[PDB]
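Just one chain follows, in the form deposited without its partner chain, and it is written as structure tokens.
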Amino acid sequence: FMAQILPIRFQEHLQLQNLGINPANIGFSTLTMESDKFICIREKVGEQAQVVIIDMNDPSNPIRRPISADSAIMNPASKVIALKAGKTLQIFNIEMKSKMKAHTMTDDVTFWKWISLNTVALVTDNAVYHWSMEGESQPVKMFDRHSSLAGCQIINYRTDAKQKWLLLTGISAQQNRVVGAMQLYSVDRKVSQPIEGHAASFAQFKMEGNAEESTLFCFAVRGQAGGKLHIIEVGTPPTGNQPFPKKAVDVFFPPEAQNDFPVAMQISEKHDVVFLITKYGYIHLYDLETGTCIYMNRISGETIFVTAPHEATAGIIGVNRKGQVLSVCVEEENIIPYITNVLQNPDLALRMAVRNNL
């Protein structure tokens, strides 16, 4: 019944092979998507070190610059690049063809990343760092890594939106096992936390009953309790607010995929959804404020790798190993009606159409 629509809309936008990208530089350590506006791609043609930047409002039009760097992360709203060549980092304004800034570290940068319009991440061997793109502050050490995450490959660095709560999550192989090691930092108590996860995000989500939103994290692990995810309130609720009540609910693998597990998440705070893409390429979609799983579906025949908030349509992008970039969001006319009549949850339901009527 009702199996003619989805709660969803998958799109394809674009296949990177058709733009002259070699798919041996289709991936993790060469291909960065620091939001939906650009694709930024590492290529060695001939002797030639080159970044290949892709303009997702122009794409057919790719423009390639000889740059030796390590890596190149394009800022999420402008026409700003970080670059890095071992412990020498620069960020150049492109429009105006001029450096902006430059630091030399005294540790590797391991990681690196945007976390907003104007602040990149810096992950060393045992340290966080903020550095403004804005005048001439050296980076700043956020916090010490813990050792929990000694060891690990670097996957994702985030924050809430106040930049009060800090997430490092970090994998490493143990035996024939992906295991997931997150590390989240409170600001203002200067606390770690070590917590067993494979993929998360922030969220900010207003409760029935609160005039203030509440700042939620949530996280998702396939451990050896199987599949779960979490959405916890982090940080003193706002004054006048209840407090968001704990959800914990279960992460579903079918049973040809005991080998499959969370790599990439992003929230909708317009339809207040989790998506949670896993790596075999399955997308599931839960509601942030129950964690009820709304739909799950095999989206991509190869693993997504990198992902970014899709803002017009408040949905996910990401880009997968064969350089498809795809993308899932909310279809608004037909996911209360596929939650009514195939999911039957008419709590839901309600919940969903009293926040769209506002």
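Positions refer to the first chain, counted from 1. In this text, the rigid core denotes the largest set of C-alpha atoms whose superposition between the two forms falls within 1.5 Å. What changes on going to the form deposited with its partner chain bound:
Core-superposed comparison between the two forms: CA of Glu208 displaced by less than 2 Å. Annotation for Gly135: C-alpha shift of 2 angstroms or more between the two forms, rigid core superposed.
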Contents of the next structure:
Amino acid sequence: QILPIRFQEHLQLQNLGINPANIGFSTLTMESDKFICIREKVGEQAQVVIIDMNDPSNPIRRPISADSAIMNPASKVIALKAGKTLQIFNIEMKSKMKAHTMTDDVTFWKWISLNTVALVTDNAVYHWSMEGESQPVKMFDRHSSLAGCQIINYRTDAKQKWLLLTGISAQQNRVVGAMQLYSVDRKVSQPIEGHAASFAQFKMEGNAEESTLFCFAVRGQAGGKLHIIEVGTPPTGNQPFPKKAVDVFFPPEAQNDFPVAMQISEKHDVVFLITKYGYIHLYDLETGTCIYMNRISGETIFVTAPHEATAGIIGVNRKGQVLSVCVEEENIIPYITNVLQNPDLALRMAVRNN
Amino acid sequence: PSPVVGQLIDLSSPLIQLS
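Given the form deposited without its partner chain, state the structure of the form deposited with its partner chain bound.
The complete assembly is shown below, putting the previous chain first.
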């Protein structure tokens, strides 16, 4: 009866009147655990439905003329775009914050920091800072391998020198993910087959600094795999991070499953991985050991975020459940002693975290 | 404009432990 995680259903979005046809990747955004925005169509003009996660029973509904809407991860500040026209608004103060019109249409965007929305067009990736120039700086041009792909994620490392775009497409009756990992310092990309990814900061024992880790999961033709590779130059005085590559388990009845989401808990150094069919996986960031697996959802959890109050992962499925999984802070070392029988990992979990 | 591509990370795990 001892579980190394803890489960929570925060809210059901059908309780707030959200029709499930607009509960999808194209219409629902969740850039952090504080807000959910949904674009709807009541009448023939559009609406946006903003849900405060600290007051979930009082949503607000404003009319819009935008094709996407993303709330800032920390304030009630909304970014809206209509093709090439981009705008950022303060909701409560009713104040326009900035605006820019592009030359190519922005097909995908996402806040990567408190100040920066990353913009993706059909051939390039831009960073649009709030406190900066008001023109978006071009970061890199998009590789040929990501052409004709549905762009699903963009993530950066903490100091924004390692950038990663992710798209998926259907090749040979399979959802093949194509990633472009870009280094700002050397100005070179690498086309990578991957499905879900995140960067992380990990301090090794015997190290004065942190190492910048790149973590990605993939289901290719050789099965499911999770890689934990250090990117960037290691500082002298620090040992290099030893490269990990472990298997990602899929059951025999789920050969049409693949990873769709990854968040990393920086407090506990734990990789959370969600698959398309609803399975959550927990890996240790240092060794890659699969701690725990369970199917937590019946529908596809299509957008995730960090859940900072519990240092976990929070997500929305297509039914409209807002679900969260985090490490149970009392139970995860009494799970690895008895149920997992890994005593060398369980007390090396204790020094750096507990 | 083409992107310049190369080998940033090694995805291969070695088949021999040379210590």
